[PDB]
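Engineer: Given the coordinates of chain c, work out where chains d, i, e, a and v with the ligands should sit on it, guided by the hints.
Each chain, letter by letter, is given below.
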Amino acid sequence: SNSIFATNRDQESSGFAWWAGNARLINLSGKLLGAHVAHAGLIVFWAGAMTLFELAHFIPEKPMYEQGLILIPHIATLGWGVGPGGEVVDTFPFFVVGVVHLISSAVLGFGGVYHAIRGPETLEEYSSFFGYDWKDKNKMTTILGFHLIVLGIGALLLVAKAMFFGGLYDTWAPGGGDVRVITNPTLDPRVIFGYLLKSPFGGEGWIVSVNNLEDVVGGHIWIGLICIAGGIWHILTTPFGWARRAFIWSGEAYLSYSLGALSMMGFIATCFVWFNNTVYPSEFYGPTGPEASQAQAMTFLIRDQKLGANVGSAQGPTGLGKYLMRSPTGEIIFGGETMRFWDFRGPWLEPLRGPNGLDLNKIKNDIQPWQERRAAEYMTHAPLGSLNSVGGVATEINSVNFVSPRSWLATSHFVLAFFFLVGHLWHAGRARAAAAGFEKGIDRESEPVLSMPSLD
Amino acid sequence: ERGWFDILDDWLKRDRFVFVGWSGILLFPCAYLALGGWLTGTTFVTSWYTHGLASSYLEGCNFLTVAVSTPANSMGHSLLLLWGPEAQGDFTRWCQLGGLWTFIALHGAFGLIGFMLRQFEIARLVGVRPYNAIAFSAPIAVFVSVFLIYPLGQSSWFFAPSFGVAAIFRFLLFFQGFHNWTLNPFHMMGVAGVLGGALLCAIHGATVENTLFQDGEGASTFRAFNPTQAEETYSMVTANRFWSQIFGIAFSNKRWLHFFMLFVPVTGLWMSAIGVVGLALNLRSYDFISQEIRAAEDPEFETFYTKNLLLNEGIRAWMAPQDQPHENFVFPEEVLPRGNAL
Amino acid sequence: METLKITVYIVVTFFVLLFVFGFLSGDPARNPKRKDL
Amino acid sequence: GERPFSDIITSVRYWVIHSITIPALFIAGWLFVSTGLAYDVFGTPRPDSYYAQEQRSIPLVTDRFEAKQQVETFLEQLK
Amino acid sequence: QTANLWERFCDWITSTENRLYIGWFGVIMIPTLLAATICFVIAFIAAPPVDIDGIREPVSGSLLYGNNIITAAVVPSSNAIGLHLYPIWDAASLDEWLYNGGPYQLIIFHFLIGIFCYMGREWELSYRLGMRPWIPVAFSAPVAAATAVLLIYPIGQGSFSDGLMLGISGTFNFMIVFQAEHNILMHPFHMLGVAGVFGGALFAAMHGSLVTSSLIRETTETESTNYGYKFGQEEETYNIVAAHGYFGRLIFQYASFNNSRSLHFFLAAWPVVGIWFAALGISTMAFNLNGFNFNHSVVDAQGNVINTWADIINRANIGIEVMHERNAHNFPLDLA
Amino acid sequence: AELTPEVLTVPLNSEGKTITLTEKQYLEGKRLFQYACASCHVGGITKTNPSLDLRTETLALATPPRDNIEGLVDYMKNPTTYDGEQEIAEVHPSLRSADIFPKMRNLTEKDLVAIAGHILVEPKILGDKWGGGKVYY
Ligand code: CLA
Ligand code: CLA
Ligand code: CLA
Ligand code: CLA
Ligand code: CLA
Ligand SMILES: CC1=C(/C=C/C(C)=C/C=C/C(C)=C/C=C/C=C(C)/C=C/C=C(C)/C=C/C2=C(C)CCCC2(C)C)C(C)(C)CCC1
Ligand SMILES: CC1=C(/C=C/C(C)=C/C=C/C(C)=C/C=C/C=C(C)/C=C/C=C(C)/C=C/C2=C(C)CCCC2(C)C)C(C)(C)CCC1
Ligand SMILES: CC1=C(/C=C/C(C)=C/C=C/C(C)=C/C=C/C=C(C)/C=C/C=C(C)/C=C/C2=C(C)CCCC2(C)C)C(C)(C)CCC1
Ligand SMILES: CCCCCCCCCCCCO[C@@H]1O[C@H](CO)[C@@H](O[C@H]2O[C@H](CO)[C@@H](O)[C@H](O)[C@H]2O)[C@H](O)[C@H]1O
Ligand SMILES: CCCCCCCS[C@@H]1O[C@H](CO)[C@@H](O)[C@H](O)[C@H]1O
Ligand SMILES: [Ca+2]
Ligand SMILES: [Cl-]
Ligand SMILES: [Cl-]
Ligand SMILES: [Fe+2]
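Chains as they are written, first to last, in the authors' numbering: chain c, 18 to 473; chain d, 11 to 352; chain i, 1 to 37; chain e, 6 to 84; chain a, 9 to 344; chain v, 1 to 137.
Wrong hints could be hidden among the right ones.
When the alpha-carbon atoms are kept at most 20 angstroms apart in a straight line, the in silico PhoX-like pairs for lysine-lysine are as follows [what the hints assert, rightly or not]:
#, chain 1, residue 1, chain 2, residue 2
1, v, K47, c, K323
2, c, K79, v, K24
3, c, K79, v, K103
4, v, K30, v, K103
5, i, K5, c, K152
None of these hints come from the bench; they were simulated from the model.
Isolated chain c, as found in the complex:
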């Protein structure tokens, strides 16, 4: 009664110290449900509260990327609130997204707190549907299937937005970036799955190279159907013998598999926001590193050519062209250190590119002021800056309060992906050792090495 150890919420009952206390939940399906739903509330809370904070701080006439925004860029990329060139025409859609997430987080938090402290601690006595045993392989694949179906619907919501509810922001739209309705999504599997077999190295870039919204939307049509089909599959089947023999079947093992999965996705997202300027439009996120470096070469090409330079024939100090040179396969590219960035592609630059690379005739005659503007802007918003948000190279003096959203998003998600790989190793190794029965140490009376022949 009046005893501190009288509950099962201590090391004495559970075998786990307070600093591993959430492991006490492994076999308490009800409270563990509470923990998960409450945690979902925290995610949704942040999405809502952070959007309202961003909107309250938002000056619509400054670029988003001058304002430390990462969520409003996500909403704008879906075509909400913006017009030609990414200009903000209406902030109310940002407000709605923020409010509805914040209100929804209250419902999730309510259910989480209920299940965590007031509801039934285990679900199995209460419901055969919601109860589960981690070692019940069929129940596990059924719950996986439910969530696969939910994820497929989610992918089809993006498609629905792109095709029937206003479209998406298209940085590549002919005549300038603009919101565009996608009517011909790419369904050809040779294109969609071709992305998955591209090398991740330079000039290829695996799926990070996706460069048009038709492929994006068609890809999500495929992922939607694949996930719904796989979900139906896993509700109607149980694991084959070869799978049963290959895997560890425990809650901690399943957690470890998902940690390895999320780590991989985190590293992928890091590269996506660093290199891709289609689903991360530079109008909202700022230029990529490659983009800003190319924009500097473009800027001084324009300036020096205006002064009378023949930029095609100008030999730089090394013997390579000061402004223009060849890639290792012959394409005409910008010179200087930005020779490394010749795989870059962006809508302000492509009008100057022909079958042989950069076209000297177009460079001499057809560079428009909006291209000079965009190159100057992007050169001066390169994703370089200090931890206290002093923009520029590390030797820059204080003045410009700037760190690119691309740098914030790349660094955070590398840090997170890395620790999640560590978590995968931790929990995968522990799940193996626990399934085999030696996660608490070596049995003194049955030490395996003592029964092995010496090595020499």
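Structural biologist: Chains d, i, e, a and v with the ligands only, in chain c's frame:
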């Protein structure tokens, strides 16, 4: 009738929360003044008159940029005593002249002596061998060579390290640009001892923790240990087999293992101290003569060694006017070495 | 160069297949304790 | 042989004493700065006292034994 | 039978009786580490100069081409290649491949695969031996650091020509340029790294000295005290209560470990976490989120900058910046 | 040293008329300069064209003269090349091109005067460091 010395010895060595000892008579005042001097200086004291630098919270610096900075080069190696001929008893002028630097360096030195003496004294009273004291000789060699011998070989205390986070980073880059200190094999042995010591720390802790015997039922395994137990808490035999098969060799002797954990970082720090003693005299490992002969004759010959000297030349030319203000360097823009565009 | 490329592709494929089929071959049961895994 | 810190800092007597002494020390340190006394004890320039209005040169000490009088001269050139 | 012959192979691969454990991770580790080592040794001795910065300015890295052990390196692939994969079979000739820094890519990619498999192999053998599984978690710290400087940093900057150069002086070149371009000394993750390795060395010496200090007398005055411990003996070889009694008096009682399991967890955790943060420092400065910038942070009443030590660091950084790769920049900002 | 009325007194026009800025004016000018200009003109240089800086002596030799409030205010409405021959509002932020440089959209006459006063006062404080670049950091 015992005798006042023995009665004092009794009281000094009483088993209390903070052991005092004879060594504490030296240790506690000198450690307290060194620490108190650093906190006082970094909170309130400028470096305007010695360095042309702000250096305190009072002036607007933060924890990374505050320092107690060295005296001006014109002070030479003056002890800079409060009552000495420079400050002449004026506490305010003493602070403005940099007296807190020698205050901290000298009380710090005698405090470190007091601490090593404490290690000896406690070991003798408890009855253990004084290896902890012996290992501490490495921190002492580093402090003495870096904060005392190095400036004593140079023109003045000005070129000792200043006591601050960013000030120390400046000291690192100064040693790169002027001494090419990374090229010095005594620094390299120091690096090996520090990184090798950290490696030994990690691998030994990890090995013990993953060869534990199951001595309890808890999934958290810390509770299954008793300090008075006779038995090893982990399997040396299983650990030895694991590393033998993974890496090719393994410890088999626990005593050697733990001596080696002392030997590696202690020896490394001792070697780095020797190199700094050379740098006190500008006896640098600055160049490889054969490389310079070849590069001077052959303008197509380039190595990472010649590339780093160009960086050093940049460090010296661009940092010296503000870093050595007593020299009154004026380097017109046209003489500054620099590559294309930058 | 083309012969080298094919050779390396085969070599890489060979070792990767050994790794995948190896770890598929009932690896949980290859431990000194509970082998009914 | 002395009382554990956890007994001391969870006692009413400890907090009666230190509810006075800790704020008092905090306020005295505050005033040490806000009255400007910290500047004059340690000889730290106020924001308007690093340079005279016309010159933009550092008052660096160059004389070991008359450094005290040299600082005193650099300070008289401010006002 | 195929299934029997394959099971015999699996039993040999995973055998706890091989002098060096092979295992399934070892099936990948052994060929990749051999390829990387052989290429590295040959290149370090004999490779001709390499145009690291893509400006037709080849840097000599090998011993036979005028280097010693301290200056030699295997030089990164050309800036003209950037992040493109440059295998031997994409070159017109070995001569071209060598000029452009082909060996570097072969070495680093085989090495990285090899050390990741080395880490998995540490998990694997621990599983075969009935050990607990987290030694590879400790090794993940150096693996993460190697991956940061050989893979993540060049990806972020768009070129393997900016990855760690494989030699002693090449390492220093990488470090000095990095300081100018990221102010890594002013980055808190590098500071945590330093605490990790300074603290790891300190705690190694501390732990080593305390155990050595309290060895139980088991030898005569002639022989090494090391003979007082016999491999595999059941009893502890030092008096941990004596060791704790010393260290608790050296500082104070509750600052000292009496639990050997807690003590050894701390010894593992401190350097490992420190190096995790070091690796994350490089891996996030790879995307140009750089060290603290307090350049001109202190300003007087009129508006004059009052320099701090941060500003003196900045002057050294500028000197490095303007001099490095002195023929490679044509435009005013070094943006990668 | 202090930010005095004398330091804050700058040429209003080429004819020799002066204006004494308030401390609030100067601070507003500094803030607005950071908001709209420092991405290219930090420290008095010009990142996208380093040949032209914001030094008073450079502004004095521009056509029309830009070393005074009215000259700088006019420049922020209708910028020209250094010789005055060509209008460059299409590639330089100005009130005339506030449609394509949206950070100019809400700037009042008072705001332009403040920005102009910051540009003229700053070299009076910093000397050759204004427009000096990294050599003077
Ligand atoms: C995402 C964060 C998170 C979540 C969702 C949980 C959830 C849970 N934890 Mg874990 N825990 C966490 C982080 C988390 N924890 C961390 C960081 C640590 C290390 C300190 C631990 C250490 C730990 C231990 C040692 C134990 C748990 C236990 C539990 C479970 C029972 C809690 C209980 O009985 O408290 C009772 C507490 C109260 C009744 C106080 C009030 C608690 C409520 C929930 C606060 C709600 C606040 C919110 C603003 C209300 C909004 C209302 C509105 C929506 C209407 C529960 C499912 C226990 C368990 O496993 O039980 C079987 C257990 O023994 N946790
Ligand atoms: C994906 C995560 C993420 C990213 C990329 C960003 C990015 C940004 N934020 Mg947001 N934010 C986040 C999550 C994130 N935030 C969360 C969780 C909160 C709730 C606290 C907020 C609340 C918030 C506010 C209130 C504000 C921002 C602002 C910003 C901008 C300025 C950032 C800054 O100065 O940081 C400074 C950097 C630090 C403080 C460094 C933190 C270092 C951590 C502690 C390292 C942790 C390592 C790892 C996680 C732990 C490992 C431990 C190990 C033992 C396992 C930048 C765009 C600012 C803005 O400009 O808005 C318009 C702003 O005012 N954010
Ligand atoms: C995945 C999350 C999840 C899961 C698996 C459960 C599961 C359960 N809940 Mg809990 N709960 C949750 C979230 C969840 N809940 C949330 C968010 C709240 C706050 C509203 C609650 C508040 C709550 C209370 C107050 C009670 C339960 C109870 C129960 C048990 C009986 C439920 C039942 O029979 O419904 C039958 C099914 C229906 C009535 C139809 C549900 C249709 C829903 C409302 C709409 C679905 C639309 C769509 C899928 C939602 C997407 C949301 C997404 C955008 C985030 C069962 C174990 C009961 C219990 O434990 O009794 C002992 C109980 O009294 N839940
Ligand atoms: C959340 C997603 C998810 C999860 C966790 C599972 C989990 C499972 N699936 Mg299901 N599946 C899913 C989605 C999912 N599935 C979807 C959406 C579909 C429809 C396409 C299916 C269709 C499906 C079938 C037909 C089968 C499974 C089966 C299984 C079981 C064993 C699978 C296995 O061995 O994987 C590990 C994968 C391998 C062993 C194959 C080799 C893997 C290579 C070497 C890895 C290469 C990865 C590469 C580097 C990363 C991307 C690059 C690439 C694009 C080039 C396991 C319970 C099996 C089962 O028994 O079900 C009853 C089974 O037969 N699934
Ligand atoms: C462990 C105690 C201790 C030690 C070793 C030191 C050491 C030092 N102090 Mg610190 N100090 C201390 C405690 C200590 N201090 C305390 C408690 C305070 C606060 C009051 C200070 C406040 C302080 C200040 C303000 C300063 C110092 C300074 C110094 C340095 C110069 C000291 C000096 O020249 O003394 C000289 C005096 C002696 C050596 C006394 C020796 C007495 C002899 C042995 C008597 C011999 C008698 C003989 C046998 C009789 C013969 C008779 C005949 C007729 C036969 C030196 C590093 C100075 C400094 O750091 O400058 C940078 C400085 O300015 N100290
Ligand atoms: C279990 C547990 C836990 C956790 C918990 C959690 C995590 C919870 C969550 C919770 C939640 C998640 C909650 C939420 C809530 C929310 C709300 C309550 C909201 C509201 C809103 C509002 C009210 C709004 C308003 C508005 C509008 C409408 C408009 C705009 C403006 C404003 C904003 C004003 C812990 C850790 C403690 C531990 C112990 C156990
Ligand atoms: C949306 C989109 C798209 C599409 C996409 C897709 C269609 C995707 C798919 C994807 C996929 C389809 C994926 C998959 C993956 C897989 C995986 C990831 C696997 C893994 C595996 C594992 C992990 C295994 C392991 C193992 C081994 C190896 C040995 C034995 C044992 C075990 C089993 C453990 C695109 C790009 C067009 C564009 C953009 C948008
Ligand atoms: C010099 C001198 C002297 C002495 C003085 C003294 C002895 C002083 C002391 C002083 C002191 C003794 C002071 C103190 C201070 C303190 C402070 C200022 C603190 C702060 C802290 C904090 C801020 C914290 C932080 C943190 C950490 C660190 C970690 C965890 C987290 C946290 C955040 C909590 C005499 C008179 C003899 C003579 C003349 C000269
Ligand atoms: C994303 C790409 C997806 C591509 C499609 C992937 C399909 C994967 C099919 C997996 C087939 C598994 O095939 C599996 O191989 C080996 C072959 O000995 C068997 O492994 C067997 O090895 C030995 C006997 O030799 C036994 O000790 C072990 O218990 C047993 O499992 C599995 O029992 C068999 O089922
Ligand atoms: C109409 C009378 C002529 C004198 C008054 C009008 C021009 S005044 C003139 O304004 C210019 C910017 O517009 C500046 O270049 C110049 O310095 C300023 O004096
Ligand atoms: Ca209990
Ligand atoms: Cl270089
Ligand atoms: Cl360039
Ligand atoms: Fe040990």
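Engineer: With a cut-off of 20 angstroms on the C-alpha distance, tell me whether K30 of chain v and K103 of chain v pass.
Structural biologist: holds, 15 angstroms
Engineer: Against the 20 angstroms threshold, does the CA-CA distance of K79 of chain c and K24 of chain v hold or violate the hint?
Structural biologist: violated, 24 angstroms
Engineer: Given the hinted pair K47 of chain v and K323 of chain c, is their Cα-Cα distance within 20 angstroms?
Structural biologist: With Cα atoms ~17 angstroms apart, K47 of chain v and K323 of chain c stay inside 20 angstroms; holds.
Engineer: With a cut-off of 20 angstroms on the C-alpha distance, tell me whether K5 of chain i and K152 of chain c pass.
Structural biologist: violated, 46 angstroms
Engineer: Starting from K79 of chain c, check that the Cα of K103 of chain v is at most 20 angstroms away, please.
Structural biologist: holds, 6 angstroms
Of the hints listed earlier, those the structure fails to meet are numbers 2 and 5, in rising order.
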